[PDB]
Amino acid sequence: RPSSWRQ
Amino acid sequence: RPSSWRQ
Amino acid sequence: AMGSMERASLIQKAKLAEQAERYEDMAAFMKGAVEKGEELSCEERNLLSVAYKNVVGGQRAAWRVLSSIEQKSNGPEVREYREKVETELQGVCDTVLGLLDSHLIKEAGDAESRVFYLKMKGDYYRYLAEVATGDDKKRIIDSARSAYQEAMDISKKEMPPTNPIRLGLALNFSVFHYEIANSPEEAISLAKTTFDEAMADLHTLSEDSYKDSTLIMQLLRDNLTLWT
Amino acid sequence: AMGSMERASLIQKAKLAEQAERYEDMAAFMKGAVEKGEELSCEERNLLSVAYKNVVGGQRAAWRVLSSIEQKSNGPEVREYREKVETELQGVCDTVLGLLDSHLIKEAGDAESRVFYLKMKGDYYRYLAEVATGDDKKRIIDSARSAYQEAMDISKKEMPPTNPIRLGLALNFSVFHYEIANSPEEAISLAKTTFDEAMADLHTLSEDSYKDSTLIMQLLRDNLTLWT
Ligand SMILES: *Cc1ccc(-n2ccnc2-c2ccccc2)c2ccccc12
Ligand SMILES: *Cc1ccc(-n2ccnc2-c2ccccc2)c2ccccc12
Ligand SMILES: [Ca+2]
Ligand SMILES: [Ca+2]
Ligand SMILES: [Ca+2]
Ligand SMILES: [Ca+2]
Ligand SMILES: [Cl-]
Ligand SMILES: [Cl-]
Ligand code: NA
Ligand code: NA
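Chains as they are written, first to last, in the deposited numbering: chain P, 69 to 75; chain P', 69 to 75; chain A, -3 to 70, 78 to 231; chain A', -3 to 70, 78 to 231. A prime marks a further copy of an entry chain.
Because the hints were derived from the structure by calculation, they are not lab data.
Any given hint might turn out to be false.
To give an idea of the interface, some chain A' residues facing chain P are shown, with a C-beta separation under 7 Å as derived from the structure [unchecked claim]:
hint : residue
1    : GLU31
2    : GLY33
3    : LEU174
4    : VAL178
5    : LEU222
6    : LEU227
7    : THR231
Cβ pair distances, simulated, as ranges [claimed, not checked]:
hint : chain 1 : residue 1 : chain 2 : residue 2 : range
8    : A'      : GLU35     : A       : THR231    : 54 to 62 Å
9    : A       : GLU2      : A'      : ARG142    : 20 to 28 Å
10   : A       : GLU31     : A'      : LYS87     : 14 to 22 Å
11   : A'      : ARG56     : A       : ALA(-3)   : 23 to 31 Å
12   : A'      : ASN42     : A       : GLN15     : 48 to 56 Å
13   : A       : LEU227    : A'      : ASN185    : 56 to 64 Å
14   : A       : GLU110    : A'      : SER149    : 35 to 43 Å
15   : A       : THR196    : A'      : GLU66     : 30 to 38 Å
16   : A       : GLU66     : A'      : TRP230    : 46 to 54 Å
17   : A       : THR228    : A'      : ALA203    : 49 to 57 Å
18   : A       : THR90     : A'      : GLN93     : 46 to 54 Å
19   : A       : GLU110    : A'      : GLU35     : 53 to 61 Å
20   : A'      : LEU218    : A       : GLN15     : 48 to 56 Å
21   : A       : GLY101    : A'      : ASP156    : 52 to 60 Å
Ideal Cβ placement from N, Cα and C applies to all residues, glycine included.
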């Protein structure tokens, strides 16, 4: 559900 | 470029 | 590799792989199901088609990206990696054609199953033709054309013009004409007569069949708009 | 399997695989590049991370689909196929951790490289922890925490608060706190102090660095909005 690092 | 069958 | 798993378990796992968007797994499960030697149901045939269509679809998209880079360049790396992807794609196509030949098509007696498998045979020879460049390209193209033609003959004799498999077959044969056989007029004529004859048969359909047929008719319309 | 290919060719082919969205190939090429034994450049480290992130990302998404189906059910097929996907995911994580341990981390002397690899080590132990259920889950969690903590210590001492790798590390450590360690207050506090200290350092940046940092700050903000 939460955002980890992504491009 | 053209469409073949697809879902 | 799937020889020790029950047929019904392979089918159940193919459906789970589709939900997980694991199409390589899905295709391996359905390959195992086919190799049990029993004929496939309508639903099982659809599972087989969806799995390999998605696997080869990703390979085709990758091949086109690399082929375009290779053409812009014309070191060996781009050609080498295009060849690797191309070889893997050809292996998947050969695997599908092998399943159809051993022995899906010869045991398919009903129109729905026989047309379904002949359409698949045309499609996977078409995919081989997309990457063909040597002394086998003409025979590959004729192998696609021959399979499509036999499916068209059966569908026109045995199925109503709105039948989804008949419409999808005509759609793909028309793309074959346009993209592979360099026959855009044949492609356009096929797409138009298929659309028009389905339009005239829609009044016979239920609401649910109507939606099924008009969805594929719109793909025929999209192509006609692109081509004219 | 990549031992006979030149290091530079593997790197070139990794970039081609990214363009083709062939992330399994991309990861195998970068694994081969690492196994040449030379340290990785900034760009090469990014290629390694992107490749395995996309491979494991698809595995995680598939595992979550199957785990949810399995929970709704609670035949053996759903559990069996979840286990298969889970085992493949664990194999990819073990492969990445093996590359970091043999011998990327021990040769990484600069802050940028050492923090980058410790962040990766925390991430791939975090992915192992997402599926852990036996007597090794606590040690896996502590292995993730320990790697993240060492990276945080180095980044705070050696990097400005807007450094993209420092921001991405803090982002992922905060997700670890929220999702893995059952410490949502720690997650929220870390995300807020990271955001605030980066906000106060933005005035030192070029237009291009500003865009880099604020992009990751927005991910910190997105999580804070979800969590509060
Ligand atoms: C090639 C092709 C064409 C059409 C369908 N399709 C679409 C909607 N229903 C169907 C269908 C249902 C039952 C039997 C045959 C077709 C299609 C579906 C799956 C695979 C290929 C298809
Ligand atoms: C984990 C992580 C965090 C941030 C980046 N990133 C985003 C924009 N630039 C960078 C970066 C550039 C150069 C070195 C380190 C980070 C990032 C990029 C690639 C892989 C992981 C990343
Ligand atoms: Ca049996
Ligand atoms: Ca039969
Ligand atoms: Ca060399
Ligand atoms: Ca060093
Ligand atoms: Cl190659
Ligand atoms: Cl399984
Ligand atoms: Na190109
Ligand atoms: Na579910």
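Evaluated hints:
no.: 1; hint: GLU31; result: violated (25 Å)
no.: 2; hint: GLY33; result: violated (28 Å)
no.: 3; hint: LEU174; result: holds (5 Å)
no.: 4; hint: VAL178; result: holds (5 Å)
no.: 5; hint: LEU222; result: holds (5 Å)
no.: 6; hint: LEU227; result: violated (10 Å)
no.: 7; hint: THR231; result: violated (12 Å)
no.: 8; hint: A':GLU35 with A:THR231: 54 to 62 Å; result: holds (58 Å)
no.: 9; hint: A:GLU2 with A':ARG142: 20 to 28 Å; result: violated (37 Å)
no.: 10; hint: A:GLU31 with A':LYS87: 14 to 22 Å; result: holds (19 Å)
no.: 11; hint: A':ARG56 with A:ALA(-3): 23 to 31 Å; result: holds (24 Å)
no.: 12; hint: A':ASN42 with A:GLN15: 48 to 56 Å; result: violated (32 Å)
no.: 13; hint: A:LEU227 with A':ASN185: 56 to 64 Å; result: holds (58 Å)
no.: 14; hint: A:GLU110 with A':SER149: 35 to 43 Å; result: violated (60 Å)
no.: 15; hint: A:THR196 with A':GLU66: 30 to 38 Å; result: violated (50 Å)
no.: 16; hint: A:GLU66 with A':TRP230: 46 to 54 Å; result: holds (48 Å)
no.: 17; hint: A:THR228 with A':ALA203: 49 to 57 Å; result: holds (55 Å)
no.: 18; hint: A:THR90 with A':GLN93: 46 to 54 Å; result: violated (30 Å)
no.: 19; hint: A:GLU110 with A':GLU35: 53 to 61 Å; result: holds (59 Å)
no.: 20; hint: A':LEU218 with A:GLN15: 48 to 56 Å; result: violated (33 Å)
no.: 21; hint: A:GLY101 with A':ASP156: 52 to 60 Å; result: holds (58 Å)
In this structure, the hints that do not hold are numbers 1, 2, 6, 7, 9, 12, 14, 15, 18, 20, in rising order.
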